Every structure is written in structure tokens, then in C-alpha cells.
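Novice: Hey, can you work out the whole structure from these sequences and the hints?
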Amino acid sequence: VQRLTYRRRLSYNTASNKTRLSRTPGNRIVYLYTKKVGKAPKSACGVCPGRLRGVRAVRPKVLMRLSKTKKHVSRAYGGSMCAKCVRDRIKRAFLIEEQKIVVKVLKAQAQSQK
Amino acid sequence: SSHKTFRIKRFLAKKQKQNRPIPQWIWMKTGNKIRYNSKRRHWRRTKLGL
Amino acid sequence: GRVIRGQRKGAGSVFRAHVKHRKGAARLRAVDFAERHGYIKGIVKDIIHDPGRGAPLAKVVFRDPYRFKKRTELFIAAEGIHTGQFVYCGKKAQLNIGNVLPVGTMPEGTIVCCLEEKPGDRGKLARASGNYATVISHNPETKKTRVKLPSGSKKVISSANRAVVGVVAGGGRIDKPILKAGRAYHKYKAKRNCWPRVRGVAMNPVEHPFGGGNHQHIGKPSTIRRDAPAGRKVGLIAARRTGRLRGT
Amino acid sequence: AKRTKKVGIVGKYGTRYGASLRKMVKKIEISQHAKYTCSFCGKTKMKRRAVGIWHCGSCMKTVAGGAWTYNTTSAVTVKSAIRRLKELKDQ
RNA sequence: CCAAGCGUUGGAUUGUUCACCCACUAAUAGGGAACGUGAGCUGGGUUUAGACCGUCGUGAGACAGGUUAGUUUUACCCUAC
RNA sequence: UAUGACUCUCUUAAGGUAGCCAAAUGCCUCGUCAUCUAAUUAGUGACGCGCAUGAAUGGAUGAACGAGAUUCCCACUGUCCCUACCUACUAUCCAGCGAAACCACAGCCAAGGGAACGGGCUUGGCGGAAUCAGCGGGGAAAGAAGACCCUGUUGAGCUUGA
RNA sequence: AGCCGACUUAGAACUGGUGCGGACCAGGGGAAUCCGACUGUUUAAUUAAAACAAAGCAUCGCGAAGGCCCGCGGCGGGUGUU
RNA sequence: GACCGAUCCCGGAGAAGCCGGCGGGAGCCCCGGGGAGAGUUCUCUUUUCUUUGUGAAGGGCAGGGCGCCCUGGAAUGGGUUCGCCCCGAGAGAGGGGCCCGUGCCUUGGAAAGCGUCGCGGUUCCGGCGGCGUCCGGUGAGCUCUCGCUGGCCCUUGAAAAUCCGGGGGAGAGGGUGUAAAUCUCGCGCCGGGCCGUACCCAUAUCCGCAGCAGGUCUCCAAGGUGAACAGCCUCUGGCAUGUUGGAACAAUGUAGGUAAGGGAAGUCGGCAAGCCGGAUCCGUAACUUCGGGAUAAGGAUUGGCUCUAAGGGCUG
RNA sequence: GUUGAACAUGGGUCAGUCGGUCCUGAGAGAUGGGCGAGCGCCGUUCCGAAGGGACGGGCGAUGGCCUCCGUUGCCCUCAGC
RNA sequence: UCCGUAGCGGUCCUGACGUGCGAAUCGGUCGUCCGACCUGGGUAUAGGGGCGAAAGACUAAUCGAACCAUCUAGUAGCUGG
Ligand SMILES: [Mg+2]
Ligand SMILES: [Mg+2]
Ligand SMILES: [Mg+2]
Ligand SMILES: [Mg+2]
Ligand SMILES: [Mg+2]
Ligand SMILES: [Mg+2]
Ligand SMILES: [Mg+2]
Ligand SMILES: [Mg+2]
Ligand SMILES: [Mg+2]
Ligand SMILES: [Mg+2]
Ligand SMILES: [Mg+2]
Ligand SMILES: [Mg+2]
Ligand SMILES: [Mg+2]
Ligand SMILES: [Mg+2]
Ligand SMILES: [Mg+2]
Ligand SMILES: [Mg+2]
Ligand SMILES: [Mg+2]
Ligand SMILES: [Mg+2]
Ligand SMILES: [Mg+2]
Ligand SMILES: [Mg+2]
Ligand SMILES: [Mg+2]
Ligand SMILES: [Mg+2]
Ligand SMILES: [Mg+2]
Ligand SMILES: [Mg+2]
Ligand SMILES: [Mg+2]
Ligand SMILES: [Mg+2]
Ligand SMILES: [Mg+2]
Ligand SMILES: [Mg+2]
Ligand SMILES: [Mg+2]
Ligand SMILES: [Mg+2]
Ligand SMILES: [Mg+2]
Ligand SMILES: [Mg+2]
Ligand SMILES: [Mg+2]
Ligand SMILES: [Mg+2]
Ligand SMILES: [Mg+2]
Ligand SMILES: [Mg+2]
Ligand SMILES: [Mg+2]
Ligand SMILES: [Mg+2]
Ligand SMILES: [Mg+2]
Ligand SMILES: [Mg+2]
Ligand SMILES: [Mg+2]
Ligand SMILES: [Mg+2]
Ligand SMILES: [Mg+2]
Ligand SMILES: [Mg+2]
Ligand SMILES: [Mg+2]
Ligand SMILES: [Mg+2]
Ligand SMILES: [Mg+2]
Ligand SMILES: [Mg+2]
Ligand SMILES: [Mg+2]
Ligand SMILES: [Mg+2]
Ligand SMILES: [Mg+2]
Ligand SMILES: [Mg+2]
Ligand SMILES: [Mg+2]
Ligand SMILES: [Mg+2]
Ligand SMILES: [Mg+2]
Ligand SMILES: [Mg+2]
Ligand SMILES: [Mg+2]
Ligand SMILES: [Mg+2]
Ligand SMILES: [Zn+2]
Ligand SMILES: [Zn+2]
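Protein chains in written order, with the authors' numbering: chain f2, 2 to 115; chain k2, 2 to 51; chain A2, 2 to 249; chain o2, 2 to 92.
I should point out that these hints are in silico values taken from the structure, not numbers from a laboratory. Fair warning: there could be bad hints in the mix.
Simulated pairs of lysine-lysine, DSS-like, Cα-Cα distance not exceeding 25 Å [to be verified]: (1) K36 (chain o2) / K46 (chain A2); (2) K42 (chain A2) / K62 (chain o2); (3) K119 (chain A2) / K60 (chain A2); (4) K105 (chain f2) / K115 (chain f2); (5) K62 (chain o2) / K85 (chain f2); (6) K36 (chain o2) / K177 (chain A2); (7) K46 (chain o2) / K43 (chain f2); (8) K155 (chain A2) / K87 (chain o2); (9) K48 (chain o2) / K188 (chain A2).
Specialist: Below, the structure written as C-alpha cells:
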């Protein structure tokens, strides 16, 4: 059993000093310093606890590297809001705008007789 | 430590260069009184301040 | 002698408030044309817990009437407020729970919270958890309104200052007994360094005017005059009576 | 089977803090940890998050309520008084 | 009376000296030696600083009034043995 | 026989109520009685006349808990009767290396006198090189210009009706 | 029906000079009294306690030009993002 | 595989506590074989020991997760976990979609590395060669990591640099072509300046006047016994007994033990020492705040060997 | 002691990717202002005319296939922190 | 919450040592060990001031008022020369 040491001067087990084991072409076990796990974007609606789909979960400065199709979904509010709260906002925007027309019609209906 | 700064390393460099014995030919001089180097420093004994 | 513990609190630097994880100053929306002549509508996004405070806070989002921006304010959450609820503000706003309006509009007997003691100072009165104030009477001439503060003392305020309708959420908090010293430690660690209170009779006479003696005793009347110097004004300050409360 | 005869939640406290204090905190520690029905979705998933904060697991609706109960009788009567005063003012 | 040659104990209680009791015995006599004996011991008491009670004092504090916890150093020099 | 509910009198703002006790609090005191022992100034339970108990200067009680204080019993044992034996490292001797404390001069006693307890003085007893391992009687042994007590027209910490 | 594998538990017989948790690891127990509820803390270098703290209980002041406190001084500062 | 668009606005990532349980993937350990080289061989042992692989980055596929979608409408309620939990606000049952893929394969990459055998350079050699680097099985195992779910709080467990997505549509570009504006797509070109980098990191490189039994923050963590990161023995690695050796074995010490008979008579005082101790089976009082007391107290058993019974997956 | 962390001669630390460098935390700390005999102190958004920027246009000049971009000078416009 | 390891601490032997390994250590025995837990680094509070779960504890081996320099060769009816 080969006990192994750190390869950098940081000797404390902090969040950035996280390692994993790796087997080497020289038949020995080394530390490989891992990257932090990324997170998919949370929806802009604010109610859905799940994270968005179709977008890769990377660190924020990795998004400079990635192309646009890896960062969004081909939809209105795509890659920023979930499809459920997109369609539930389409319905809301249509229906309140319709009800405003109903209120405008019922205003003139009262003003016609009075 | 191994995490030195430039000014500390330069100060240590000078104090390393002053820690050599006197050359042999200086006490063949006419107006000479120096027998040896009395300003010498050992790393274990005198801890240089800092 | 030595400077006493109650004297040392005014200098600060140890006894300062622990405000690292607090969410911000909880206050009402600033008064403008909309909230002075009509009403403005906002939405409750979420209800958050403020450390060192039994009351919860509500993050209410309005839209600016002069700029294309969304404005964020931290109200103190009236009990019954949920998210997705529209909170209205101003003179012409209707009378519902979680709906701030000036006290001269609401009728007598209205239960309010986050009351303003002066017009426009964004809420100062009756804003601890479970507390409220009651509107007693108005006075249309000279624009004055009498309110009953949660200490029972009645105050005459201006008729133009604002208060959100309802009681503060998180009531009954002092009903649950703190069972152990650990919960009190965790309570006051979120507020300030004041909790492990040593009695003055357990100290030395250099440390407190009550310390010293071969018996743990005060040795002097603990009732003290109001105009006493600091380092002496301990015990029961300016006390009108000091006994078990019988009657009223 | 039935584990304890008269202590419920407060059996975790053992033989400490006093019987009357445990009997006092038993009501709070039941009502604080009970899951209430939701007034918005109907599911029994309204659980306390902190003091004054009650979150629904299904609807994701959080409500400002009491410290140890979802509703307080000191505020239900206030809700009734405010709706009757609202009807009184507008007549 | 001559007489100090030889003995004069084991324990419960109390830090005790003293005292008191049980038992054995032949007798359970009295004392001194810096009130023998702490570089021989021990530290129960007394006699620092921490605390509690009673009394006294306005108080800090006081009490041959109780209670509890509280560092016991060195000989290899000279003499004596 | 005693104690004595009851009464009278003197009195202060009342005159210690419920409880509790020779208590961590009781001088007398090792209080009296019971129990525990062969024997108990200890322990426990009662009695209360309490020098000087007592109700948030908190009173009484009380499960669990305690490197807290105390008494007794079972079991256990070198704590003891009453000491003995063995092992390791020392101490011992040797090769090498090698200090310090302390030191008026120094060092055998009895008695006398004396600054009222001598190593030296007086009178006696007597005394013999250089040393080794132990030892704790003496050097009124060493350390530290007594912390107790008193004085100083020396102070500091603290308190108050200076 | 065939092929594979992981540690356990219970029972029985035999057997040793009754020895077997064979080294190691590893709670003495009971009846009571006083005090402190407890967990925690404390005089670093003589006192770990019955002392301190503690939750609970109860008083006191204060509605902000305020209560308590700091500061040589300011339209100064802490509690107070109350 | 790209897939115009500014001032402005919205949002996300950075950016989150402690604990419990479960699942997946590595590394290490374990078992059964093939090689290669060693060890024993007085007798036995197809025996014992060592070793037996692949980086970053890219592509593909397992595997894990989804609080993602479509059909359809469920009570004789079902699905389902270790626990939970989910459902007419749509369960089961079919069909898809996304994320992470540190696992496997491939490019790297066998050319290099390692084991073993043998030739050279008389040697100064990243010297040249012959073979091999293989096939499986398992686990409440230990460590790390990923994920799911739950519990606790009068405790709710950081900010900013920096980066991205979206909504809007001011504008820009070309008149049917050697098309234009534009591009987060594949390649191609150039550059990345300054400072630190050795060693000790502790019974000898730091601080205690010193190579001082004191103090001083972390990472890795094998086999057996065993509940165990306990104690004891061993492998890799390390060291020479802690500022000296030899010879003696006196007292008194210091650190360990053992003692007939008695059992606290010792002592201020059971101080010190001693008894008890793990696990299995029964059994367990007064009192109580009903939670405890409680391993109360009390006994019985425990070795070795030979067996039996019971407790599971895979395929048809 | 033929040995050493002793002495005397000589050598030895190589980076776009490992860290510092950048950000903010608790906090420290100028200016405006206030106070102060004074060195100075307070105070960190509070008694402040606190932005030296950008796109589009107009004007002006420069330099190169003076074609078409780039450059700076002025004005209009817009701007939070 | 209990036994108990690492860690943190320091009961008893009033053991060792006590011109010591050590100007506070060592051995056995002990308390606690999921929470009022332990700990590094950064930062804040400075001497009649800080800080104190309160011992007059701690504030660089110094604490019932730290340390350094100066006033200062402070004064002494007292001690020694
Ligand atoms: Mg870092
Ligand atoms: Mg690999
Ligand atoms: Mg995509
Ligand atoms: Mg050194
Ligand atoms: Mg604290
Ligand atoms: Mg005190
Ligand atoms: Mg005073
Ligand atoms: Mg008095
Ligand atoms: Mg004597
Ligand atoms: Mg003597
Ligand atoms: Mg002595
Ligand atoms: Mg004593
Ligand atoms: Mg004392
Ligand atoms: Mg000798
Ligand atoms: Mg009475
Ligand atoms: Mg006795
Ligand atoms: Mg009694
Ligand atoms: Mg009294
Ligand atoms: Mg009293
Ligand atoms: Mg010698
Ligand atoms: Mg003499
Ligand atoms: Mg002579
Ligand atoms: Mg002597
Ligand atoms: Mg002496
Ligand atoms: Mg003197
Ligand atoms: Mg005089
Ligand atoms: Mg004086
Ligand atoms: Mg002074
Ligand atoms: Mg006066
Ligand atoms: Mg009693
Ligand atoms: Mg206690
Ligand atoms: Mg001490
Ligand atoms: Mg101690
Ligand atoms: Mg389904
Ligand atoms: Mg090869
Ligand atoms: Mg668009
Ligand atoms: Mg290095
Ligand atoms: Mg050494
Ligand atoms: Mg040895
Ligand atoms: Mg040796
Ligand atoms: Mg014996
Ligand atoms: Mg025997
Ligand atoms: Mg005895
Ligand atoms: Mg005796
Ligand atoms: Mg003992
Ligand atoms: Mg018991
Ligand atoms: Mg070397
Ligand atoms: Mg390179
Ligand atoms: Mg400043
Ligand atoms: Mg615990
Ligand atoms: Mg424990
Ligand atoms: Mg000792
Ligand atoms: Mg000695
Ligand atoms: Mg030594
Ligand atoms: Mg100050
Ligand atoms: Mg403390
Ligand atoms: Mg004192
Ligand atoms: Mg005089
Ligand atoms: Zn959504
Ligand atoms: Zn709901």
C-alpha cells in the first residue's frame, strides 16, 4: 500500500484543495486536484425547486469557453426560465389582457345607457 | 519560511555574505589590529532578529 | 475603582451588534406621489428569516414610477402574508392585511403594525413579533390621531404617517420555555455579547457597587435616583415602587 | 407498541428541566413539528421553516404565520375585525 | 522502707493533649530530654489567598464561632553515631 | 407533682407565620431519648427552651446527576498483626568528563559563669596520620534585610455618615 | 432443475489435570445524610468546590428631542441593519 | 457545428450550516486460478513471498440522478423505501428528453514505464534485444467522492471580483451577386511580464539561555486478533535505546510484583493497593419529575474438535 | 569520535497552468465636513458642483491601396449608485 | 443522553522530581468527548484602561493597577558603613 502526499504547498483539506486518486502509466497512484462541481441555472420564476435542463453545469468562468447552444434552450426565455412557467406566463399575459378588454367594454356599456 | 518576500530574501542574502571569515593577507598589513572576525554569526546561536 | 460592565457597553468593540448575517434594515417604502395621492402595487417574492429577530421579513418588489426599474424593499411580514400576494401602498389603498396606508384613513379600532412615530420615517412603532397597535380616535382639525402602543401607553401622532395593517408574524415566541442554557447561548450569539450575566453581588467592590462582603448581600437600597452617576446607577433605576404586582 | 405512557416529544429530554416545563413545551413541540394542511393546494405539506415562516412542500407557498402554530387566535380575530371594519368603512 | 533492674497492653469515639468506655493483664504508675523528636514522616487541627452559614457592621469587612478545599525544599561540608 | 391552652401588665413600625433544626447555622454541649457497636466527642431518626433557624437577604422538599463533604454494611486485599523474597534502574567501584549551595576561624564532651541553652573562656573528663560507605543528633545548618506583632507623623487596594 | 457465494445464529456429540473474555482489552457493590437541579465554567504555577453561570421566577426604567452607556470636543458614538 | 443586434432591464452562477440513514463509483484490503523471480524442502507442502498498468484533453458506451415531457385516467385504492413518501394540481403501466459520467473502451499508447532473462560499449550509454505485463469472484469491509432522502434551530448558517443566459428592438447590411453586414463553428499565426520555489517542520534545523521528557496548525493511513483509528504482534518505510561504557548485585531509594492465618484490628480518613470487569442467557428493588434508577443488586455459561439445522442470488 | 546541523573551501532553488499578484470579509483608513492651542483627532456617506466615460450624429484635422476604417479637438445626446 | 478512543482538561497518589527533562514537567489513576465542543490564521478592545460563566482572574515567566524612559542622585526622625 503506497501512501501518497500532496503535490502543492496547501496542506489543509479546504474546498479548493480537493483531490482524487489516479493510476499512472508508471504504475503508481497520484493525486489529481479536481475542479468544483458545477450547477445548472435556477429558473427565473423563483418557484420551481429544480434546475434547468439543456444547459451544462459548469463553473461560471467556463461559460466563456462554451458555445451558445450549450448554454440555452431554443425557446423564448430559454436557458433562463422553465417551460412550465413560460407557458403559465403566456396564459397569464393573454388572459389578463383579455380581461382588460372585457372591463373596457363593460365601461362603455355602462356609459351608453348612462 | 519558503514563502519569502523580495526584501526579506535580499536582507538574508546580505547577512549570508557578511558571514565569511577574514582574508589571510589583511594581518600582514602595517597598521593592522584585527585578529579575526568578531562580528560572525551562527544560525543556531544568534537568531538575527526578524 | 474599576469601570463597571454596564459602563463598558457604551464604548463598543465587544458589545456591538452581530449584524454580519442580517438581511438589511427592515423599513417601509419611502413616501412619494403615488403613495401620497393614490396607491402603488407590489408583489411578495419570498419570506426570509432575519437573524437576531423573531419576526420574519418579506421581500416586496414594486416598480419605479419614474424609471424602468424594479425596486426591492424589506417589509416586516404581517401574519397571514403569503408569497404571490399583492401589497398595496398609499392613501387610496383598500383596508386588508398587509396593506400600508395612513392612519387617518382607517377607522377607529384598526389593528396596525410597523407604525411611524413621525411622518415619513419608514416605520418605527410596534414591529416586534406578535406586537401591534390600535387606532383609538382621530381629530380632523389639526390632523392628529391617538394610538394605543403595545406597552399600553397612548400616543398622539400625526394623521399622515403610515402603518401596515395586521399583527407582526411569529407571535407567541416567548410562550415556549428555553429549556437549557444552550438555546439561550444560540439566541444571544445571533444578537450581541450580553448573555452570561454575572450578578453584581457575586463580584468584588472594585467591580460593582454591590460586590464585596463576607456574605453575598447588597448592603444598600437597590432603588437608586435617576440623576446618579454612571458606575453607581445599577439596580432598580428611578423606581416608583418595588414589590410583587398585586392589582393594577 | 406504546413506548411511553405520558411523555411524547419531551421524552428526548430525559430526566431533566422539570416535569411542568416539559409539559409546557410538549404542546409547542407537537404543534411546531406537525404538518398542517395547505390552504392553497389542499395537501398536508405546510411545515415550519423558521419562526413565522411556514412553507408548503408541493405548492412552494410560504406564509407568515405564528411561531409555533400556523395560525394564531390573536390574529384570526384580527383578520375578522379587519374585514368587518373594511365593510364598515365602505358601508 | 531499701529500691528505677525489668515491665506498664489491644481497641470504639474525638485532630487532639486530656477525657470516657470495652477487653485482657501482674500492673495497665507519674514524668523529663528546645512543652525530646517536620533536611525523620504525616498534615487531622491551628495559621494566607477560594467559598457557605450564624452574629455584628450602612459599608468595605470582623469573629480563641462552626464547615469545605488548600505546593511540607536541600546534606555531597564538619562533628556525633 | 409539674408543664400550663386562659388572663393581666409593660410596651414598639411590627413582635418570627407556615415550615425546619444541636443542621455547613446551638455557646452551654461530648444537650436528652432511640438506633447503630463489645465499647462511639462520629452517623442516622426524633425532642425544641432556637447564645444567634426561617420564608426570592428565599423556606421546605426532592427523581436524575456529581474527580463535592460524612456514616455504616457486603466483598476485597501486606493498611496492619509482622514482616519476608524476587525483578528493573540507581546508589557502589572503575575509564573518560566534571559543577553548585555554603564558608569569621573552625569543629570531642560534662558542669560552671556569661546576652540567663558554648566548638573556643574556667575547672574537670581527655585527645594519635590519611580515609571509605551510610546516617540524620548537633552546627540555636542553608535559603529570604519576619509575611504574624509593634513603631514610623512611610505607603497602597477598597468602603463610608471622615 | 442446474450453477454459484458470503458471513452469522442456534442445537448436538466427543474431548483436556474444571481449563477456557487463559495474553490484551475491561464498571467493585449496597443502605443513608448534607450541599449544589442537571450539561457547563473557574483562581495558567498550592484551593475544581457547596463558588460562578444556567433555564425558570420576579421586580425596575424607556414610545426615540427617549432609557442605559462611551467620549477632551463636534449636526460625535454604542445598543441600533434596534 | 455556427445561427446579427446597442444604451436599458430581469435572472442565474460565484454563493453556502450541523447531524442521521441509504445507494452508486474509485483506491486499498480479501478469495480462486495462469505467468516471472525468489524462500523452505531433515519430513510434508501443485507450497510461501514479491509483482502482474496507463495521465491530462477529446470521442463513444455503461452506470447514477431528475420536483422533465407525450399517451391514458386510477377505490376491490395503488405504487414504493431501510425509514419515508407520491398521486384526478394526474399514480401505476408504456414511449421519450436532459444532467453528471472521476467507471470502461479508443486516440494519447507502447515508441514510454515495470518484471524477468541475455548480449554489447574493456567503460563515458533515456544502449540493444527475447518474453511477459493475463482471466475471474466477492464483501453491514476501511478511506475518498458523487447522489437521494430525512431530522435540528427563539442558532437559518458571508460578500465581492468575474462570467453567462434571457426580454426588449434603437440600428446595420445586399439587391439577386467575384452577394453584404455578421459568427460563441473547425483550423491557422503571435505573446503571457514581476516575486517566492533548496532544506528542517521536531525526543537535534521553530519557541522555551541548550541537540531541554515542555509547547507548536494540517494530508496519507496495510495484515492478524478484536465491536473498534483500543491494546498486542507483523509487512513497506525508519532507527539504534535518546548528553557515555565496563564490572559488581550492599543498605536506603524509584518503578513493578508475590505472600501462610486473620481481614481495616492500621490511619484524621480504606490513603495506597486489592476485588469486579467482555459477551450470551435469564433476573432486577426502594424511590421517582414515570423519562429513569439500571450494566441496579443476583447468579449460570464461555476452550478445542467433529457435525447438523436455519438465514440467499443467476439461468430456463 | 576516522563522525556532525562544528570549521574551511566550493556548488545548489529554472513555472502563462503551483502560489503571491486580483476580489471582498470582520475591520482598517484619506478627501468633503466637523472638532481641536497644537502634533493632529473624529467620521466613511455623514453639512459635497464627488461622472474626465460611451454609443449615434454634426463640426475640425491627421495619416496610409487619402478608397475605406482608425486617430484625437469641440458641440448635441445618454449615463445611477 | 451513558461507556469509551483521538482531542480538550487536570481529581487523587498530597507519588516521582524538587542546585529537576522542566522558573510548573513526568507516571499511574481520573473529568468530558455532538455541543455552553476543540483549534489555526485574520481582526477589535490598552493601563485607573481593556477584558472577565467573576478567581481580583488575565492583560508577553510582570497584576489589588503591566512594561520602557524621564522628573530622580524623589524623601526617610530608620538600617548598614
Ligand atoms: Mg485559496
Ligand atoms: Mg484511468
Ligand atoms: Mg442546449
Ligand atoms: Mg533555537
Ligand atoms: Mg460568549
Ligand atoms: Mg468573589
Ligand atoms: Mg464603589
Ligand atoms: Mg445586616
Ligand atoms: Mg516540641
Ligand atoms: Mg530535627
Ligand atoms: Mg520538613
Ligand atoms: Mg488540613
Ligand atoms: Mg481561607
Ligand atoms: Mg557517593
Ligand atoms: Mg416557631
Ligand atoms: Mg467509626
Ligand atoms: Mg440529627
Ligand atoms: Mg433572619
Ligand atoms: Mg438567613
Ligand atoms: Mg570515573
Ligand atoms: Mg558555634
Ligand atoms: Mg585556646
Ligand atoms: Mg542534623
Ligand atoms: Mg534556618
Ligand atoms: Mg528586617
Ligand atoms: Mg512620632
Ligand atoms: Mg494614602
Ligand atoms: Mg497605585
Ligand atoms: Mg459629607
Ligand atoms: Mg434532613
Ligand atoms: Mg453542581
Ligand atoms: Mg492552580
Ligand atoms: Mg488543582
Ligand atoms: Mg408516473
Ligand atoms: Mg515494452
Ligand atoms: Mg430577440
Ligand atoms: Mg521542495
Ligand atoms: Mg535528544
Ligand atoms: Mg534503555
Ligand atoms: Mg548507546
Ligand atoms: Mg495474606
Ligand atoms: Mg489466602
Ligand atoms: Mg480504627
Ligand atoms: Mg489506633
Ligand atoms: Mg483509591
Ligand atoms: Mg442505586
Ligand atoms: Mg548534511
Ligand atoms: Mg512547459
Ligand atoms: Mg482615522
Ligand atoms: Mg454527552
Ligand atoms: Mg460520557
Ligand atoms: Mg507531591
Ligand atoms: Mg532528590
Ligand atoms: Mg534526561
Ligand atoms: Mg476608554
Ligand atoms: Mg470564561
Ligand atoms: Mg477575595
Ligand atoms: Mg523617630
Ligand atoms: Zn418555474
Ligand atoms: Zn400548498
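Novice: Does each hint fit the structure? Answer for all of them.
Specialist: Cross-check of the supplied hints:
At most 25 Å may separate the alpha-carbon atoms for a hinted pair to count; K36 (chain o2) and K46 (chain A2) meet this at roughly 23 Å. A C-alpha spacing of about 20 Å is found between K42 (chain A2) and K62 (chain o2), which places the hinted pair at or below 25 Å, so the restraint holds. At most 25 Å may separate the alpha-carbon atoms for a hinted pair to count; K119 (chain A2) and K60 (chain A2) meet this at roughly 24 Å. About 15 Å separates the Cα atoms of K105 (chain f2) and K115 (chain f2), which keeps this hinted pair within 25 Å; it holds.
For the hint pairing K62 (chain o2) with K85 (chain f2), the CA-to-CA distance comes to about 17 Å; that is within 25 Å, so the pair holds. Restraint check for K36 (chain o2) and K177 (chain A2): the C-alpha separation of about 19 Å stays at or below 25 Å, so the hint holds. Between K46 (chain o2) and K43 (chain f2), the direct Cα distance comes to roughly 23 Å. Compliance with the 25 Å bound is thereby established for this hinted pair. Pair hint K155 (chain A2) plus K87 (chain o2) holds up; C-alpha atoms about 24 Å apart against a cutoff of 25 Å.
Among the hinted pairs, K48 (chain o2) with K188 (chain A2) is consistent with the structure: their alpha-carbon atoms are about 22 Å apart, no more than 25 Å.
Comparing the model with each earlier hint shows no violations; every hint is respected.
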